[PDB]
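Next up: a single chain in structure tokens, the form deposited in one PDB entry.
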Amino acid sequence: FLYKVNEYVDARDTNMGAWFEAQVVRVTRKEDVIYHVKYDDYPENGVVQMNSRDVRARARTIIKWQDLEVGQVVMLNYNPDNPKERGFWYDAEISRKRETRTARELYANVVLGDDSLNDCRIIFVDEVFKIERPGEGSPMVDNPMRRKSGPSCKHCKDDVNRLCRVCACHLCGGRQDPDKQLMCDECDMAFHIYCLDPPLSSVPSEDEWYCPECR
């Protein structure tokens, strides 16, 4: 049938409506089947079950500015919360494009996991992906390149080997053992479980946690 095991694909999180880089692990039946996929860089989530609807062949082809026509549904990067920043990958129908001397302006209606979002100013016009349509093209069986996702930091430049205090631990600057990296519900700064002067031994089951700076 359609998608095979080991095949690299994109899994759409029905909640936020975004597409994530994943890989098929198993395929069961209830084209009405269940896809058990694992996310490349989300091991803490393990295997996840997906409807055939929320699974497509891994994106690979980039549509450059010149070939972007209005009314063309594609997959681009957008950050609904911080539009001026890099976000995640959603489906969108390009509404209009406007090129001047200072910038190529791309506008599209970003589709989310509940309802559309009309007339969004797409920042990354060079990173537009063509949606692989079921059947057309070959299956992705070889480990492909990585799309850049998640907001970037202008203090360490997202360089893994660099210690930061804005995107990493507000205290030391490390970036390891991230599931123990408490995040204050006030200044959004990260604090390791084992860094602040009474080192906590576990995760505060309490919904909120306000760091020392914020009491």
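C-alpha atoms forming the largest set that superposes within 1.5 Å between two forms make up the rigid core. Residue numbers count along the first chain shown, from 1. What changes on going to the form deposited in another entry:
Looking at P151, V48, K64, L171, the entry at the hinge of the rigid-part motion between these two forms is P151, while the rest lie more than 12 positions from any hinge. Comparing the two forms between these two forms, the rotation angle of the smaller rigid part against the larger comes to 58°.
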The other form holds:
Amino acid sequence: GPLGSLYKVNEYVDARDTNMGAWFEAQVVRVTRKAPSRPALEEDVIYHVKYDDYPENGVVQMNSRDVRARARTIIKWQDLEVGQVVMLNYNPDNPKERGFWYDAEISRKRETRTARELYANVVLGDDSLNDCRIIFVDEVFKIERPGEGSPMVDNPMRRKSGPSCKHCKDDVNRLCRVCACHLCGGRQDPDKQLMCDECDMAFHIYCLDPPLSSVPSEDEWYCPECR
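Condition change, the form deposited in one PDB entry to the form deposited in another entry:
Next comes a single chain, given without company.
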């Protein structure tokens, strides 16, 4: 029969890394028919996706079970409950810091007048971590059920990934001269902020004096202070 995939070309999705278990932002570039294999000869599709943060990986072929609609709805603290299967942020390398986005089953919830504690069993590549202490309790995402809601085709919900700057906590509404533009503190146009090969600070091409019209075509670059 004709291909009738759950996700369509150009749709914004999450795609799971089967080695380490995390879900990464991606966009569908093609949907192809998977050759049925023995013995069951089930029909299936392959999603060809491009990853927002890993463009150097090119177009990547994904099993259908490793693609779903981009996360968009946050489950607020008060709505979280033991037994929910959600997508949340955890860092197995440094559990007190921000990491990547994983499926997890909430396993415990506590609240006192001074503290809010959330624990979950986090699914990694080949195993789970039980009773992980979850830091980012206000950034727990509902896992979209197939077919429900509209496809995300524009206006994508942004998530933060990786350890956060300790000055600003990566708060998008705060400026920071440490992890963003050293002159204005602005986060915009990161593709047009140069990194000093000495001090490793960032500089908008348009905040320099004189300003630059584009990213220089050199091997290296040094800021005004390190020149």
